[PDB]
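So the chains spell out like this:
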Amino acid sequence: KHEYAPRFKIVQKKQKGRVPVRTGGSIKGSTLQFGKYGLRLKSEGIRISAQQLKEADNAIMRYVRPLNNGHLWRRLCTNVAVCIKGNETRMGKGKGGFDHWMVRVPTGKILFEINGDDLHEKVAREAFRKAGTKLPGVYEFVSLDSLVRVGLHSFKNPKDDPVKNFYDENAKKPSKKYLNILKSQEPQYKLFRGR
Amino acid sequence: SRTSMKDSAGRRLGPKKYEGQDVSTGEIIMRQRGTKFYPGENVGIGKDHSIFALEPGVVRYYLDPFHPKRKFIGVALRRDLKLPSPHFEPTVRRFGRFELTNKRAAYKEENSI
RNA sequence: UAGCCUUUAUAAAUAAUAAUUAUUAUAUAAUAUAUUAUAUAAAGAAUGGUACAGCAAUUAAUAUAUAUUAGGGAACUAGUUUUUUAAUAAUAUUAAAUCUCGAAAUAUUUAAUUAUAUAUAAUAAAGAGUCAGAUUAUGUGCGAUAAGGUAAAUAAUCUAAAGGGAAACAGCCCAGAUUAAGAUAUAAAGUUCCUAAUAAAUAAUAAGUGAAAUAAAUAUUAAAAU
RNA sequence: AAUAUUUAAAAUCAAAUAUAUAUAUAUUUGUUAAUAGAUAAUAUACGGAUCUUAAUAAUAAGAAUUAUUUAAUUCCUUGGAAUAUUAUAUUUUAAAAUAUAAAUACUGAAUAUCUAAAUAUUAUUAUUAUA
RNA sequence: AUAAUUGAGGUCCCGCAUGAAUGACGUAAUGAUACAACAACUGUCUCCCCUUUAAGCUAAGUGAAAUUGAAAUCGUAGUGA
RNA sequence: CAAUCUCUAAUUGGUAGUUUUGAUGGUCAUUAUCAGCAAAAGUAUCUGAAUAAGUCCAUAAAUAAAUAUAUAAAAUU
RNA sequence: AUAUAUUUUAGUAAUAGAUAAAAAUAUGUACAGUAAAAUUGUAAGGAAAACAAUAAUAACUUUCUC
RNA sequence: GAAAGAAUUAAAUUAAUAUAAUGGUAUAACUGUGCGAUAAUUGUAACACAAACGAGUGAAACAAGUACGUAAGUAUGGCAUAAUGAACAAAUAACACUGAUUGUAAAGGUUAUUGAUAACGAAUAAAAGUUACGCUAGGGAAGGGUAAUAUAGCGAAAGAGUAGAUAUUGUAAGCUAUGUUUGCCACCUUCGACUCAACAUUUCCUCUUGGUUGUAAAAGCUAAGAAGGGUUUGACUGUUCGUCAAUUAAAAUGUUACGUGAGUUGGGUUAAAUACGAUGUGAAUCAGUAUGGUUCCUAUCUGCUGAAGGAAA
RNA sequence: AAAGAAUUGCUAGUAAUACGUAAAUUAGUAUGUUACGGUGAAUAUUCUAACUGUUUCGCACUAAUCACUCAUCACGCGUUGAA
RNA sequence: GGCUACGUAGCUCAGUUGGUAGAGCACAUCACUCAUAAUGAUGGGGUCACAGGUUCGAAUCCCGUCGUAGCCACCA
Ligand SMILES: [Mg+2]
Ligand SMILES: [Mg+2]
Ligand SMILES: [Mg+2]
Ligand SMILES: [Mg+2]
Ligand SMILES: [Mg+2]
Ligand SMILES: [Mg+2]
Ligand SMILES: [Mg+2]
Ligand SMILES: [Mg+2]
Ligand SMILES: [Mg+2]
Ligand SMILES: [Mg+2]
Ligand SMILES: [Mg+2]
Ligand SMILES: [Mg+2]
Ligand SMILES: [Mg+2]
Ligand SMILES: [Mg+2]
Ligand SMILES: [Mg+2]
Ligand SMILES: [Mg+2]
Ligand SMILES: [Mg+2]
Ligand SMILES: [Mg+2]
Ligand SMILES: [Mg+2]
Ligand SMILES: [Mg+2]
Ligand SMILES: [Mg+2]
Ligand SMILES: [Mg+2]
Ligand SMILES: [Mg+2]
Ligand SMILES: [Mg+2]
Ligand SMILES: [Mg+2]
Ligand SMILES: [Mg+2]
Ligand SMILES: [Mg+2]
Ligand SMILES: [Mg+2]
Ligand SMILES: [Mg+2]
Ligand SMILES: [Mg+2]
Ligand SMILES: [Mg+2]
Ligand SMILES: [Mg+2]
Ligand SMILES: [Mg+2]
Ligand SMILES: [Mg+2]
Ligand SMILES: [Mg+2]
Ligand SMILES: [Mg+2]
Ligand SMILES: [Mg+2]
Ligand SMILES: [Mg+2]
Ligand SMILES: [Mg+2]
Ligand SMILES: [Mg+2]
Ligand SMILES: [Mg+2]
Ligand SMILES: [Mg+2]
Ligand SMILES: [Mg+2]
Ligand SMILES: [Mg+2]
Ligand SMILES: [Mg+2]
Ligand SMILES: [Mg+2]
Ligand SMILES: [Mg+2]
Ligand SMILES: [Mg+2]
Ligand SMILES: [Mg+2]
Ligand SMILES: [Mg+2]
Ligand SMILES: [Mg+2]
Ligand SMILES: [Mg+2]
Ligand SMILES: [Mg+2]
Ligand SMILES: [Mg+2]
Ligand SMILES: [Mg+2]
Ligand SMILES: [Mg+2]
Ligand SMILES: [Mg+2]
Numbered sequence: 038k039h040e041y042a043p044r045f046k047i048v049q050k051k052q053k054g055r056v057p058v059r060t061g062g063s064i065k066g067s068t069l070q071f072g073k074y075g076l077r078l079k080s081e082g083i084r085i086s087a088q089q090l091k092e093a094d095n096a097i098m099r100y101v102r103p104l105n106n107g108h109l110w111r112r113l114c115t116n117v118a119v120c121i122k123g124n125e126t127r128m129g130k131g132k133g134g135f136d137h138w139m140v141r142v143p144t145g146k147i148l149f150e151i152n153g154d155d156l157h158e159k160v161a162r163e164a165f166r167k168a169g170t171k172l173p174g175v176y177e178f179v180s181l182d183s184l185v186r187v188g189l190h191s192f193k194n195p196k197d198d199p200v201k202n203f204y205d206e207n208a209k210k211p212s213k214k215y216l217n218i219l220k221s222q223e224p225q226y227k228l229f230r231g232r
Numbered sequence: 035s036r037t038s039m040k041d042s043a044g045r046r047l048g049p050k051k052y053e054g055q056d057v058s059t060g061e062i063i064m065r066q067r068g069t070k071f072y073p074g075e076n077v078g079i080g081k082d083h084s085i086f087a088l089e090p091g092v093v094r095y096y097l098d099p100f101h102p103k104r105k106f107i108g109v110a111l112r113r114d115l116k117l118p119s120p121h122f123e124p125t126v127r128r129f130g131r132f133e134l135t136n137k138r139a140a141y142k143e144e145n146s147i
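If you're matching them up, the sequences are chains K and R in order.
One rule links them: number in PDB author numbering = place in the first sequence (from 1) + 37.
One rule links them: number in PDB author numbering = place in the second sequence (from 1) + 34.
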């Protein structure tokens, strides 16, 4: 509903920033969560405007609405407010006025997701290709068995990466603050703190 | 047009004296906005929460179990002392005065009340 | 005026610059469950909150044949069910210059030790010039993730630096001309000829692709792996 | 053969290094190409010539492009050893045997060394005449 | 009006932003004023040709000038304050 | 009266000497807070600010609270 | 029971607690305590007036008691 | 087993803080309450932080006095970071320091206090415009870069096309090229006509060819090759352009310092004169209108057009 | 708390009357209607509005002054000038 | 920083040299009239500008501030 037009109470101008190249191997929003088939970015990290996303959504919908129990999950919201000065105006003299909403999209991230009752995968693939024709990146069809993109030419299965209880790890190799707290909890300090 | 071209300068609010550093009485160990560091052993605190040394010694940053979730800056009277000092041991104190070996000076001091 | 430069000196002078030690844990050995030594591992005294990472709280976004709160319809005889409309909850998933609960490296930075003394800091007495900067790389603000653009941050060079390379070249890659000499090591860059110097190996290309200034979505044809 | 993906060393396998060690653990490395798309005004414009090799047939050429490498090739631990190569000499019948060598690729600065000369400072001398 | 007119004259009045001695309006005459039309005329032009004289050119005599870092002073492309 | 001299006042582009900031098409110039600012400190531009500041707050809630009531004392009665 | 005199009371006014998030003295010092939101209710009361309620007692001290 | 106390643990700084925002604050810096109303006091302040100077900030300690607290102790205003202004000249007090011959005085000094210079390190007590009649010293304290726009192309194809997205058409969004427009940057300080044109091809005509239920024919439409040859004359306007008239096989689009002023012109743009409308108190002014109106050059080199001499043939 | 501009009735058995009485309409209700007596006054014509009959003069009115009637302006359709 | 003199009703304005709550004015209702107004009469609201004293007695004097502006001072 509000993914292409956030309702920040205090509307305000924003700096340009940069699209996060996720050097640490994030895989956040790079996985199929809601649907069966999806459309992910394949190229370098890119900014997608609100209008472009809306058009991609519309393109996908043409295939989704005919389906029985058809659904489209829009995974990303255009949260960054972009202002622009005109091409007509000189440089300097303040910042330009609000123009459009935009989203910073890392390399591996999923944009859309679909799942119908009577949806064959070929149709879904076609729809997602047609959606990709309207967006500024280069995109890729992603199924539930197809594995998570991280880099431009690199891949990963989330099933593989290890599970860890971090409290236990902390206890094993404790910080100074934690040790101080533990000492405080002990009786030779707790009795004589005198509050 | 109307531009937002106005800002105060930076308040120089780092630590002004570091761990293991020799100090003198009066010297500022920390400038800060509110007690990020609390005044520890042999150390005072000012109006602007500025930690300053009460005695000559060695600046030490530490945690104390009595005050968990609070960082401290104190001044150890020597380099030998671990400045979160043992609680039930006697306080390491500095006399900090000198006897008036000079006779006249001693006499003057005796006279003065 | 300070910053940076110069001259002449001063010491109960190393205070300077660089690194190490400093911590945590493990194993072994020796003393009294602790201490010391040895070895190994760990981005390893103190200060920090950027990258990264994250969705906690704040601010924002999405979904539920899930629950509650009311509303609009609807079927039988005000009660009731369903298809729901919003809010709230629950569960799952997401991001931000002014969010950071996790969190680097570089950094700031302390003592002693070692190494730099044909070397540094500090102080004293005196002379300046300069206050139009430029480019390259990285991280940003503005611009349109435009400018040989603009604004500052860090480093280098040019400025004021000749020499070799980059065809030619202020700012790039090497390297700092006291005067020669030209045997030996070479730097960056090169070795068919122009032009100082070359021979090999294994693959791929057939397009003169390309051969020191890489042009995109997409299409076609192959090639591998499943 | 056919259909449909992916173009990957994360997983997986293979290979190598480091800790107890014929194994385990940890780390490091290995996963497409071509063409089209293609484009303006003095004149082709990799700096220019020119560069993709070919048996018969050469004491002889066969990228001068792209990618990964080496300094003849293969094992052992920069070094030695073996292997064939190449060149040469000797002996025997243009070939065979023996042995010697080459294997340090090279060019390259006003860099460094060497080789000499000058000035300045530091530290030692020698000669001649605040010695 | 012209084959055809952003010009000219006539007329209309959302006069962006006329107006009465910073005078208002309509005429006769005048004007090397400005714009437009008709007639006549023509080398203005279609489209230039021929001719004449003074230069230009050559020989003799006299004899400038601005300019000038030094010049042994080509094209193209590239580079580059 | 008026004229002249001396003093005093009004008026003056008549006339003379001067000036017309730095930044911009009325707005910005001093101070504070955050971001920009890249985990010390500092850090700019006609950069972004739901930006904020030229202050505000005081002489006041008092007095009374142990020898007391008739009579007699004054070792506390 | 009633008359006069002399007194006494009635000026009727909130805090009764070291008060603790209604409003009021904004700098000192001493002593002490904890807010808010949301939720469930309740006369007018309704989304929005007020009041109530809404985390855990292991160990310790004293008291009574099987 | 029960009651009471002491409390501890968890959570919380989301409330509250005189006031912005940030940091801090429950050990509370927040809140209540007693006393008080004092420390919102007086002389010396080292040493630090910050820092060009001027200033700014924290502050141990010594001495005098005060308030609260049993005491320990705490208080030199406010949880902190804004809340501001130099000298000079005046003014008011206190100080007992100087007292221009001596004594008084005046006047100056010391100490405390007063009002502003916001262009906020403040030039004076006190200062606005105009010039196209201008003058001097200097500085530059279309080309180049860019490609948002513009022009052209490509991919994908919603949708028109009597039916069929792709004969022809092709929304909004996607990927490029160009340097032809309007911009931006600031390294770098004249429009049109005439004359002669050279080059490009993204081709308007002519030649060849593919597609065209939308090629029967003929006219077309669209696309590929193709730059050999050709591609206008008039009315209006300074105009390029545009409107129209009459033609043409066609009347293509650019580049060349938007080719060409040491080749011509000078209508536009343009200074001095003048008027009009508007603006201004005015001098004068204008992304206004109108009439008038100033540059010249014998060619040294390059280059090109022709013509000779010398030369090695 | 005897009532503003204004406005109603009444010259005699009338008005006035905090003087009463009756009937018609009803099953029933009079502050109304129609009738009866009782007691009983005050005032008085010259000026002006109106409205009836009289008259003078006037009259462009005759559905008779709510009469008739004049011009611009506005709406349509002709005609003829100027240019 | 000091010194003035003014601020009645919804509108305009009296009143002022003390023993007052008064005018027309525009506004809503009836009134004579083919109908409508002009004209006649219904009534309307003032803390006599916030707010204190002296005379049993002040809207008027002595004023504590509010509003909007003058004036002086200071103007270094
Ligand atoms: Mg991130
Ligand atoms: Mg700041
Ligand atoms: Mg200087
Ligand atoms: Mg040292
Ligand atoms: Mg940041
Ligand atoms: Mg943290
Ligand atoms: Mg500068
Ligand atoms: Mg630049
Ligand atoms: Mg220079
Ligand atoms: Mg150089
Ligand atoms: Mg240098
Ligand atoms: Mg040198
Ligand atoms: Mg090529
Ligand atoms: Mg190239
Ligand atoms: Mg691996
Ligand atoms: Mg070319
Ligand atoms: Mg080359
Ligand atoms: Mg050398
Ligand atoms: Mg016309
Ligand atoms: Mg004409
Ligand atoms: Mg007149
Ligand atoms: Mg006049
Ligand atoms: Mg005239
Ligand atoms: Mg004349
Ligand atoms: Mg001659
Ligand atoms: Mg050069
Ligand atoms: Mg003048
Ligand atoms: Mg920060
Ligand atoms: Mg910062
Ligand atoms: Mg910092
Ligand atoms: Mg930093
Ligand atoms: Mg806060
Ligand atoms: Mg410092
Ligand atoms: Mg200073
Ligand atoms: Mg306080
Ligand atoms: Mg406060
Ligand atoms: Mg002055
Ligand atoms: Mg005297
Ligand atoms: Mg100034
Ligand atoms: Mg200034
Ligand atoms: Mg000044
Ligand atoms: Mg001035
Ligand atoms: Mg003029
Ligand atoms: Mg269709
Ligand atoms: Mg489009
Ligand atoms: Mg250009
Ligand atoms: Mg072509
Ligand atoms: Mg045909
Ligand atoms: Mg031909
Ligand atoms: Mg031109
Ligand atoms: Mg020319
Ligand atoms: Mg020229
Ligand atoms: Mg003339
Ligand atoms: Mg009665
Ligand atoms: Mg009846
Ligand atoms: Mg009667
Ligand atoms: Mg009669």
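The reader is advised that the hints may include incorrect statements.
Said to hold, decoys possible - Quick list of in silico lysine to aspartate or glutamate cross-link-like pairs, DMTMM-like style, CA-CA up to 25 Å: (1) K:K122 - K:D136; (2) K:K213 - R:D41; (3) K:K220 - R:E53; (4) K:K53 - R:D82; (5) K:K171 - K:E223; (6) K:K227 - R:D82; (7) K:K210 - R:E53; (8) R:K103 - K:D136; (9) K:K220 - R:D41; (10) K:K213 - R:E123; (11) R:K105 - K:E92; (12) K:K214 - R:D114; (13) R:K103 - K:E92; (14) R:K51 - R:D82.
These are computed hints drawn from the structure, not numbers from a lab.
Verification of the hints:
no.	hint	result
1	K:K122 - K:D136	holds, 9 Å
2	K:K213 - R:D41	violated, 38 Å
3	K:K220 - R:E53	holds, 23 Å
4	K:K53 - R:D82	violated, 37 Å
5	K:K171 - K:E223	violated, 64 Å
6	K:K227 - R:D82	violated, 31 Å
7	K:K210 - R:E53	holds, 24 Å
8	R:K103 - K:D136	violated, 47 Å
9	K:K220 - R:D41	violated, 45 Å
10	K:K213 - R:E123	holds, 23 Å
11	R:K105 - K:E92	violated, 55 Å
12	K:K214 - R:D114	holds, 23 Å
13	R:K103 - K:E92	violated, 53 Å
14	R:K51 - R:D82	holds, 17 Å
This entry does not satisfy hints 2, 4, 5, 6, 8, 9, 11, 13, going by the numbered hints stated previously.
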